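J.: Here is how the chains run, residue by residue.
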Amino acid sequence: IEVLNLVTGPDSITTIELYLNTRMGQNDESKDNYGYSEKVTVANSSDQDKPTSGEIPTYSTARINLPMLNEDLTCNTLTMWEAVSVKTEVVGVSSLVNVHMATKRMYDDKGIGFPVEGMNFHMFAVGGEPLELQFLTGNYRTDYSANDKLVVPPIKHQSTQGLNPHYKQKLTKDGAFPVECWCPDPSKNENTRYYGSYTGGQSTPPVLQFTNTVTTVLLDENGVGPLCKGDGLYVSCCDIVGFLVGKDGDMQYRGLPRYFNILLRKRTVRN
Amino acid sequence: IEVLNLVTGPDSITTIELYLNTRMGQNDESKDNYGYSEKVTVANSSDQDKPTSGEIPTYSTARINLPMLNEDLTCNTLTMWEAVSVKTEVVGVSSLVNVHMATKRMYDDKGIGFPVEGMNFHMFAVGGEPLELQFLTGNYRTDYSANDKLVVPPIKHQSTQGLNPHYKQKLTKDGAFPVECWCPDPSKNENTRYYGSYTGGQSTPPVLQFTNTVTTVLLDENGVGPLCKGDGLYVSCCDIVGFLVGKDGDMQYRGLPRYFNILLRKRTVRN
Amino acid sequence: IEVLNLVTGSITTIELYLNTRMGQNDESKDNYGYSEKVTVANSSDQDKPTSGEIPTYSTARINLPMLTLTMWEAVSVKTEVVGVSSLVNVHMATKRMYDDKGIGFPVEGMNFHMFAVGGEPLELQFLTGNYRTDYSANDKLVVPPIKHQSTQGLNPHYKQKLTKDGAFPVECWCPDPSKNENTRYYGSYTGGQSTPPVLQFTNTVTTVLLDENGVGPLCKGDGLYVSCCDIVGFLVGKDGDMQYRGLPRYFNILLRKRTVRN
Amino acid sequence: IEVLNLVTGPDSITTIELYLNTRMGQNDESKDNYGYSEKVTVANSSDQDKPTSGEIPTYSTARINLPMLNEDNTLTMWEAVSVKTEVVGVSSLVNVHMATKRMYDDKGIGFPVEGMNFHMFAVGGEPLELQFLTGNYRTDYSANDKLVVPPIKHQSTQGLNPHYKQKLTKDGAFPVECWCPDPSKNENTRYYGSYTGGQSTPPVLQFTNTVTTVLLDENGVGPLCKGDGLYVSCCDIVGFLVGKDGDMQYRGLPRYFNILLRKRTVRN
Amino acid sequence: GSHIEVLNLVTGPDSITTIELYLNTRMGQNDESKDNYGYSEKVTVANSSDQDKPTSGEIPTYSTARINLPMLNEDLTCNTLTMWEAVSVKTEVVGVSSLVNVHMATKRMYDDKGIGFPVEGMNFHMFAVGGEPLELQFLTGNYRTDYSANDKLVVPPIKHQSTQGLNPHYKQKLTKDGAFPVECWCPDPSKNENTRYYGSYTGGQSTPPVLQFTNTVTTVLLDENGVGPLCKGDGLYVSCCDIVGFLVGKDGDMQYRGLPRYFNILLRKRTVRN
Ligand SMILES: CC(=O)N[C@H]1[C@H](O[C@@H]2[C@H](O[C@]3(C(=O)O)C[C@H](O)[C@@H](NC(C)=O)[C@H]([C@H](O)[C@H](O)CO)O3)[C@@H](O)[C@H](O[C@H]3[C@H](O)[C@@H](O)[C@H](O)O[C@@H]3CO)O[C@@H]2CO)O[C@H](CO)[C@H](O)[C@@H]1O[C@@H]1O[C@H](CO)[C@H](O)[C@H](O)[C@H]1O
Ligand SMILES: CC(=O)N[C@H]1[C@H](O[C@@H]2[C@H](O[C@]3(C(=O)O)C[C@H](O)[C@@H](NC(C)=O)[C@H]([C@H](O)[C@H](O)CO)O3)[C@@H](O)[C@H](O[C@H]3[C@H](O)[C@@H](O)[C@H](O)O[C@@H]3CO)O[C@@H]2CO)O[C@H](CO)[C@H](O)[C@@H]1O[C@@H]1O[C@H](CO)[C@H](O)[C@H](O)[C@H]1O
Ligand SMILES: CC(=O)N[C@H]1[C@H](O[C@@H]2[C@H](O[C@]3(C(=O)O)C[C@H](O)[C@@H](NC(C)=O)[C@H]([C@H](O)[C@H](O)CO)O3)[C@@H](O)[C@H](O)O[C@@H]2CO)O[C@H](CO)[C@H](O)[C@@H]1O
Ligand SMILES: CC(=O)N[C@H]1[C@H](O[C@@H]2[C@H](O[C@]3(C(=O)O)C[C@H](O)[C@@H](NC(C)=O)[C@H]([C@H](O)[C@H](O)CO)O3)[C@@H](O)[C@H](O)O[C@@H]2CO)O[C@H](CO)[C@H](O)[C@@H]1O
Ligand SMILES: CC(=O)N[C@H]1[C@H]([C@H](O)[C@H](O)CO)O[C@@](O)(C(=O)O)C[C@@H]1O
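Chains as they are written, first to last, in PDB author numbering: chain E, 33 to 303; chain A, 33 to 303; chain B, 33 to 41, 44 to 101, 109 to 303; chain D, 33 to 104, 108 to 303; chain C, 24 to 26, 33 to 303.
Honestly, I wouldn't trust all of these hints.
Claimed, not checked - Distance condition first, Cα-Cα at most 20 Å in a straight line; then the derived PhoX-like pairs of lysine-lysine:
| # | chain 1 | residue 1 | chain 2 | residue 2 |
| --- | --- | --- | --- | --- |
| 1 | C | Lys200 | C | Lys188 |
| 2 | C | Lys188 | B | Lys142 |
| 3 | C | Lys71 | B | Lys142 |
| 4 | D | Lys136 | E | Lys71 |
| 5 | A | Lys142 | B | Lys71 |
| 6 | C | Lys142 | D | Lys71 |
| 7 | D | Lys63 | D | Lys142 |
| 8 | C | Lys136 | D | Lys82 |
| 9 | C | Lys136 | B | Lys142 |
| 10 | E | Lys220 | E | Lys200 |
| 11 | D | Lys71 | D | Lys181 |
| 12 | B | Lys188 | A | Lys63 |
| 13 | D | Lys188 | C | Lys63 |
| 14 | E | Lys82 | D | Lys142 |
| 15 | B | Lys279 | B | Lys71 |
| 16 | E | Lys188 | D | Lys220 |
| 17 | E | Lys82 | D | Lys181 |
| 18 | B | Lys82 | A | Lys279 |
| 19 | D | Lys71 | C | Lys136 |
| 20 | D | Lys181 | D | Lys82 |
| 21 | C | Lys82 | B | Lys279 |
| 22 | A | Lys71 | E | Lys136 |
| 23 | D | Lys119 | E | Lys82 |
| 24 | A | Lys119 | B | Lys220 |
| 25 | B | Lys63 | C | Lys71 |
| 26 | A | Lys188 | E | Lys63 |
Unchecked claim - In silico contact screen, one side only, chain B against chain A (beta carbon under 7 Å); selected entries:
| # | residue |
| --- | --- |
| 27 | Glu70 |
| 28 | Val74 |
| 29 | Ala75 |
| 30 | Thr169 |
| 31 | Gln190 |
| 32 | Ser191 |
| 33 | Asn223 |
| 34 | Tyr226 |
| 35 | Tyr227 |
| 36 | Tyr230 |
| 37 | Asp280 |
These are calculated hints, taken from the structure and not from any lab test.
Even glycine gets a Cβ: it sits at the ideal position worked out from N, Cα and C.
So here's chain E without its partners, still in its complex pose:
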């Protein structure tokens, strides 16, 4: 896309506000354990590594329809919505201030219930087209067939424990692409901005912040934000805050929702 000047005047700016609920594995809001995974299980061997249905976190994603940019398609320029900035927050951080749930507990069954703790994984992306994904896994043989709604490659190969550029996808479905085997494709995504962090280990303290005062600038080094193809804005995320440890030591992922407030402006482009 050859980017030209900003469009000025009335109705040249718009905002989009949304939230995305977490997709930890139990993704039905009408059922118990919503916002958690099913109980984690562990393979006996790498050739019998078959996660149960619902124990696998996936990306959250939505396409938002922007205000229509009505115009003649036969002229030498067109208009696109350009995402300038986003204010985004993890919602419900305070819910982790809870140590009376039915959990394993400290100090000879007299202390606190274990809080949700351990692995944290936080990412978000805002773009003008679906987030482009690269397949990469810790175990090429993982069998995802317990849940046919998970979108994964139809063939397995040893090389997918590294980067094999023949294994790619686009994030086009909520609650379906496992984070364990799909990551952003850094060779593409020119029209998306993504930001991610991982803090691993076993029982690691979650470290989280929340504020309504932080603006993330989405403009690139040339001053250009994501350009929304077909007036579609794509928002994606995952926010794992740790594991809930049940009385018997069984564990489930816990995720939290994410909020977004995105500012967009009209940008002229060559046609």
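Model the placement of chains A, B, D and C with the ligands on the given structure of chain E, informed by the hints.
T.: Below, chains A, B, D and C with the ligands without anything else, positioned relative to chain E:
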């Protein structure tokens, strides 16, 4: 509110100083264990998760009266107090330098008493109206009926383990809204600034700072601070610094007070 | 104070250090720079620390050159913790790692670091984890004469000024944020049981003491007040007995002459 | 090189994009355990310290051919201005169902990949210059004759002995454990590295497509690509996979690079 | 109680010079020909504080060197003289990647099946650049420490309780490599007007080392008045210590491990009063 010019000269500025004491669960300054929760207990099962009275932390909040501005509410323009900045500190951090309290001890009963340690949760908000809340919980079935002075929703539903926008509130009462199930609503709070952090885990070192040299600017991206509706200033916080571990392993939340020094200025608005 | 112009021409520096006040504060006695052995209350009602087991603030007043009126204004300070390298020591008579074959435990655990520079005594607020704490094992301490449950929170009826070195316990006195208009203070706490100390030292960092209006602390009666505490952890003896360990703090304070209205 | 002015006008900029797969020890993409090491073994004594073939991470490196500049007093070189680089597949570490040791008496999660992290990258106009330095001068590398190591051993190599140097000229061959960047050379390369050690330490990782690293030095001059060759090198260890019985393997991840270059005039 | 006249820079050709050097670590076994070089001898532990006598070679010392700079003044009676002024330093810890090694003969994880313990625990990193020897203050965790197993160490000739705090009667200058123990000597903050020093300590038992290395960072040595260390008698003084943890042997015996540090120092000619 349509914001017009600043009012200048003498009497155009005022400052508000206050502190808020912690609301950990034992919230009566005339009783033992003030500034701590009652002993934490642990649910036998998720459908029998009923915290005892006084074991759960709540938000601290106050509405402060500001000097009356408008004798005549039918003038074409009116004046409002605009909060410009705040200096805020957690008070009594040094009280955590104490390892001789009646606590569990290190090294086969020869070493130090355990200091207050573990989960930290710190947040404050300054606004021109009550802080707007969103309900979100780790357990939709939590039963708050041991303490009818708490403010919680009248109905429970599975979806409240994620973000359900039908479950909202406003922080209108000190020591009554549980931290564990209410968080700031990021879709509202246009007239409040809030800042929060959480560090979890079991016995995690508290990491705390105190200084009288830091000013937090409350002006938004347009140079406008919170506007105090009805000449009321709203201040809210929570500061959990960890758990006290009793000799038998029984644990209590410990909180600390927070100090605020808020600078406000007169702003003309259209009426 | 009604502040007017700076005097040009007019600057001086003050250099000092403060030794640590961990509990055994006599420089000629064994265990100097450490507390006495920590003891643990049988119950909150019986909580009476032994003499010398609790850290206190270090403080001094420096007499400045005698001078509308002219006052000394503290502009900046270079401050650093002394002797950090002394913590590189794992052969002391301590508990040790790996089945009595590995290193002695280094000094580790709780860290608490604060300093203040002002033109008058640091103003303190009382706040304690246990209102019942009995300080009568050491009558050289300065604590309130009466006890009340409300002191586990902020009760503004319980205040003092930091006028005596090695006497105000850090466990029950903190900087009063509602006062101290003429002092700058800075503090940090890292807790837990055996936490690694994380410390830095350099002679290259200047801390500006000027407030948001460009005015530093103004030295009333030509007195400059410096206060601090630097707890770097616990020494763990062979049998598990523990003692606080503290280190000295150095200060180099730049002052200038300020005219004020009288 | 006598550095003169930047070349102006159209065609004066180019970009190079690539990725490098990790070299943890099993470096064959057709075989199981690709992107991990072979099982770690432990010496019985310092004079019997002979790592098995494939248990040793090595540097990843490539030389990239740039567009030819000079068909014939001054000449033109490509100058590397900046790089955007990221570790790929961080999300693959959100996996606790692999065949691993477990938490909480075989009821809890499988251990994630955790422990030692080592991350470095280098971009230069010639091979990365290396200094030998090892924890054990007696390490015997003879189980794998494809590893590039010095021809003799000496006690002094547990510190810095400047008689023990090399250049990073082969992918998957120079062990990380005994070769580091030579800080006395590398005038024409920029390198950045970090190490977080310990036993089971949480990995702390970030990934974004928004960060540009400037490669210009204090005089405004980036790496100058001798013979129209760009050199890229890295290593990204993200921890260990802990097998059911306690057996452990290094895990590494690939790294992506997008490098911006410009034409710079220099003297013949 | 409480309590060189610098003129202009010399401009033009030959007014700048650079000094490049490295210092090898002094952990206790400081003989580059012997096994255990770059490590201490095995750590031992006192039975009591009055019997705290470290073995020879178990304690780390400062590395240091004086570098001879080009001689500037053929006539020392001139009304002004020239001195080398240290403007900046690029410094790096060398060999960080050597810590990516878990097959050495060490204690190991997971019931003798897992990795050998990497070098881990206490980290101590400091460097100093100045125009005269680093000025030292004695301060110790134990005033009674007996250093007589190694008479090549430089320590005070008498002991006193007060040395567990700051006793300013116990000072020294860092004039010998591999001889001043870091456990009892630190920079004297009341002096060192003509040296810049930077240090950090991360303690604990088995703490992860957190280390960085790059050739892209310049540390400015100029003070607040724009003046760097001035090299008295044309000598540049460089000092450091870089402890990266302990190696844990099979039986639990432990040794300090240190790494070398590299320096590239830029200096310029400065005129001074005489
Ligand atoms: C649900 C259950 O009963 N699990 C027991 C398990 O049964 C095996 C299969 O279950 C899973 C699982 O635990 O859910 C299936 C997962 O996909 C596997 N996970 C991965 C990553 O590959 C895991 C995993 O392999 C094991 O947990 C590791 O030991 O196993 C289960 O679906 C299967 O059921 C058979 C059924 O028995 C048969 O009659 C019918 O015709 O076909 C079904 C489908 O094949 O049986 C599998 C065993 O043959 O077996 C293990 C021991 O092997 C445990 O008994 C496990 O019970 C739980 O174990 C927990 C700890 O892991 C904990 O102790 C819980 O309290 C147990 O309920
Ligand atoms: C695979 C095995 O059974 N190893 C046992 C080992 O055998 C020695 C050689 O194995 C290695 C290895 O484990 O792979 C080779 C490595 O280069 C060594 N690593 C380092 C850093 O030096 C390791 C290491 O020394 C040990 O693991 C430490 O215990 O050993 C093995 O290749 C060699 O094979 C001989 C063969 O036996 C002989 O008939 C033939 O003619 O020559 C072959 C090649 O020389 O035999 C070596 C011993 O002579 O021996 C040790 C005892 O020294 C153990 O028994 C080891 O078993 C593992 O032990 C682990 C704990 O140490 C753990 O329990 C594993 O599960 C065991 O397999
Ligand atoms: C009041 C009483 O007899 N308590 C004993 C307790 O009985 C439990 C249960 O009591 C409670 C309690 O008040 O301690 C009720 C609480 O709702 C519940 N907490 C939560 C978060 O659900 C706690 C908690 O489960 C336990 O204290 C464990 O931490 O229990 C009472 O209502 C029920 O009828 O009987 C229960 C025992 O079967 O039991 C504990 C031992 O677990 C003690 O003996 C209490 O004194
Ligand atoms: C050489 C020897 O006899 N070693 C045995 C030791 O005897 C000790 C003591 O020896 C030393 C030693 O060299 O290891 C002397 C050191 O000054 C001292 N270290 C410190 C910091 O004071 C160490 C240390 O106390 C121990 O090694 C424990 O780590 O001991 C020797 O001089 C004296 O006559 O007897 C002492 C105890 O009987 O004892 C250890 C067991 O603790 C071993 O048996 C050594 O082989
Ligand atoms: C904080 C506190 O109350 N300490 C008290 C201790 C401890 O209870 C025990 O020593 C267990 O450490 O008991 C004393 O007899 C003592 O040892 O001097 C009295 C002292 O007042």
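J.: Under the criterion that the straight-line Cα-Cα distance not exceed 20 Å, is the pair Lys71 (chain D), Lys181 (chain D) satisfied?
T.: holds, 19 Å
J.: Can you confirm whether the C-alpha distance between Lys188 (chain B) and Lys63 (chain A) stays at or below 20 Å?
T.: holds, 12 Å
J.: Take a quick look at whether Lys119 (chain A) and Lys220 (chain B) sit within 20 Å of each other, Cα to Cα.
T.: Distance of about 13 Å is within 20 Å: holds.
J.: Under the criterion that the straight-line Cα-Cα distance not exceed 20 Å, is the pair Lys71 (chain C), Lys142 (chain B) satisfied?
T.: Distance of about 10 Å is within 20 Å: holds.
J.: Would the pair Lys82 (chain C) and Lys279 (chain B) pass a check requiring their Cα atoms to be no farther apart than 20 Å?
T.: holds, 16 Å
J.: Given the hint that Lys82 (chain E) pairs with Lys181 (chain D), test it: the Cα-Cα distance must not exceed 20 Å.
T.: violated, 37 Å
J.: Please work out if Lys119 (chain D) and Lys82 (chain E) have their alpha carbons no farther apart than 20 Å.
T.: violated, 36 Å
J.: Could you grab the alpha-carbon distance between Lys279 (chain B) and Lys71 (chain B) and see if it respects the 20 Å cut-off?
T.: holds, 12 Å
J.: Check the hint pairing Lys63 (chain D) with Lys142 (chain D) against an upper bound of 20 Å on the C-alpha distance.
T.: Violated, at roughly 31 Å.
J.: If you draw a straight line from the CA of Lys188 (chain E) to the CA of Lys220 (chain D), is it 20 Å or shorter?
T.: It is violated: about 45 Å lies between the C-alpha atoms, which goes past 20 Å.
J.: Restraint: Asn223 (chain B) near chain A, CB-CB cut 7 Å. Satisfied or not?
T.: Violated, because the Cβ-Cβ distance from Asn223 (chain B) to chain A comes to roughly 11 Å (cut-off 7 Å).
J.: Answer holds if the nearest beta-carbon of chain A is closer than 7 Å to that of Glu70 (chain B); otherwise answer violated.
T.: This hint is violated: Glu70 (chain B) lies away from chain A, its Cβ roughly 11 Å from the closest one there, beyond 7 Å.
Comparing the model with each earlier hint shows violations of hints 2, 7, 16, 17, 23, 25, 27, 33; every other hint is respected.
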